[PDB]
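J.: The residues making up each chain are set out below.
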Amino acid sequence: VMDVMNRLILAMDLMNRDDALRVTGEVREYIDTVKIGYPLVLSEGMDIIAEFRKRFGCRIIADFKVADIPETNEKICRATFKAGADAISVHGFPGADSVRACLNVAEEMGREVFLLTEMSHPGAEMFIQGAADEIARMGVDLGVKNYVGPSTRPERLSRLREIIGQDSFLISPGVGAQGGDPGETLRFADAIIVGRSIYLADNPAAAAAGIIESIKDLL
Amino acid sequence: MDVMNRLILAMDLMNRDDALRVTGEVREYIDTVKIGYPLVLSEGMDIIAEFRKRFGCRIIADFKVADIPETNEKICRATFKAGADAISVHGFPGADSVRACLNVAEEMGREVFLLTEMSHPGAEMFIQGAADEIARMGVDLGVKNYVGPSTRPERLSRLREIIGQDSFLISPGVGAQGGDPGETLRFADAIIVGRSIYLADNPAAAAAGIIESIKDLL
Ligand SMILES: O=c1cc(O)n([C@@H]2O[C@H](COP(=O)(O)O)[C@@H](O)[C@H]2O)c(=O)[nH]1
Ligand SMILES: O=c1cc(O)n([C@@H]2O[C@H](COP(=O)(O)O)[C@@H](O)[C@H]2O)c(=O)[nH]1
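Chains as they are written, first to last, in my numbering: chain A, 1 to 219; chain B, 1 to 218.
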């Protein structure tokens with residue numbers, strides 16, 4: 001599995017290149033893995049991935065939550081990996097053929113898929129929660145190794161860890177702004193994803209250092 | 001929304017030259033183009049403005065937004081800043097995520113298309129069983145525009161029943177995925193067609209042929 005420094009992944013959802021580069025540079029001593037999603041990519045272009053690699057040499061997870069039919073999923077993955085992303089996130093709810101399409105491209109291109117199981121926001125309870133255990137099991141059957149699950153529901157995150165096993169890699173958003181606790185989340189997740197608590201801070205470096213101090217005994 | 005010939009082109013070519021050329025070849029037949037991530041991630045969000053400059057068509061950004069509400073808001077703002085007239089949004093992530101998109105669309109004078117049931121086989125695993133409830137959620141939220149599957153006309157008909165005749169319904173899966181143009185237009189206001197046109201030896205003839213087959217419905 002990827003070796004994420006300090007078990008902390010920055011969710012870089014600022015939408016201006018200058019601010020995104022500044023904040024990421026400020027926390028680079030603490031974080032070597034950055035999640036870049038559509039807020040930044042649709043604002044600044046896929047070349048933002050290139051710029052991050054050039055400036056910081058951080059791993060990049062393209063958080064695109066791929067959720068189309070298999071043929072379109074393949075195209076999205078190909079374009080994303082062409083641009084230099086190490087990994088891409090994929091929704092499981094559109095079913096196994098859609099996930100397999102992404103896995104096939106990732107295999108061909110030597111990159112990784114992260115399967116999004118249950119989401120962290122309140123609306124996730126309407127439809128996603130009820131499907132999440134089966135989505136996780138589907139991922140295991142398909143050979144998925146990397147997963148995303150919610151910091152905001154420790155009981156659900158624990159169950160998802162059970163389903164995927166200790167050998168699978170699990171990252172977890174919802175820490176800080178959405179209410180999840182870093183230490184508690186790391187009981188189950190390999191790494192926590194943190195966005196606003198860092199990037200909206202007066203001193204993002206101090207914010208990251210503070211989170212790390214709070215989980216020091218967990219590495 | 002008034003769609004010319006009830007036909008929306010799904011422009012999923014990934015090369016700017018080809019996408020512009022093929023869209024140009026069929027321009028006399030359409031006034032609405034769906035642009036998705038294959039083209040946008042290959043050529044940039046600036047491609048939306050360039051389609052407007054070249055063709056004047058309306059643009060649906062088929063981004064199937066499927067994040068938390070805070071992130072959905074940002075995705076919608078970026079998309080509408082690029083000149084999209086409408087955006088597609090997954091209903092599966094729940095009502096707060098949909099409302100986030102509806103709020104931005106209202107602020108910027110655009111439309112949200114709610115994706116209810118998808119057209120591919122995998123849709124049967126989780127989406128299909130939630131689809132009627134997703135559509136009712138759309139109705140509760142005041143959603144006026146919906147997407148449902150050409151590949152399952154009985155499901156498309158049910159979706160139409162739920163949302164009523166006043167709502168606007170567009171439907172992909174025509175042609176390549178096996179859906180029939182005429183049957184789909186029994187229920188949908190417009191059909192989405194990608195590969196059957198853009199991979200055709202002669203895309204203009206392909207579009208002309210589809211329109212000929214539904215001429216009595218226009
Ligand atoms: O279930 C999920 C899955 C996500 O990818 N995310 C993403 O993780 C990040 C959370 O950032 P924040 O720490 O500001 O709440 C955002 O980029 C969001 O899109 C999430 O919040 N919940
Ligand atoms: O359920 C759905 C929803 C979609 O947006 N689509 C989209 O509609 C288009 C169908 O293209 P095609 O006619 O080549 O099969 C693609 O852009 C696809 O992403 C779909 O096929 N099924």
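By construction, these hints were calculated from the structure, which means they are not laboratory data. A virtual CB, placed ideally from N, CA and C, is assigned to each residue, including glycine. Each hint should be verified, as a subset may be incorrect.
[What the hints assert, rightly or not] Which stretches of chain A does chain B cover? Using the computed rule of at least three CB atoms under 8 Å from a CB of chain B, they are:
(1) 104-115
(2) 120-127
(3) 154-162
[Unchecked claim] With the Cβ distance kept under 8 Å, some of the chain A side facing chain B (calculated, not the full set):
(4) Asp-13
(5) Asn-16
(6) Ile-48
(7) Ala-50
(8) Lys-75
(9) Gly-84
(10) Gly-95
(11) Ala-96
(12) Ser-98
(13) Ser-214
(14) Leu-218
[Stated by the list, open to error] Here chain A is said to cover these stretches of chain B; the calculated rule only asks that three of the stretch's residues, wherever they fall, bring their Cβ under 8 Å from a Cβ of chain A:
(15) 30-43
(16) 110-124
(17) 144-158
J.: So, against the hints stated earlier in the document, which numbers end up violated here?
T.: Going through the list in order, the structure violates hints 1, 3, 5, 6, 7, 9, 13, 14 and 17 and respects the others.
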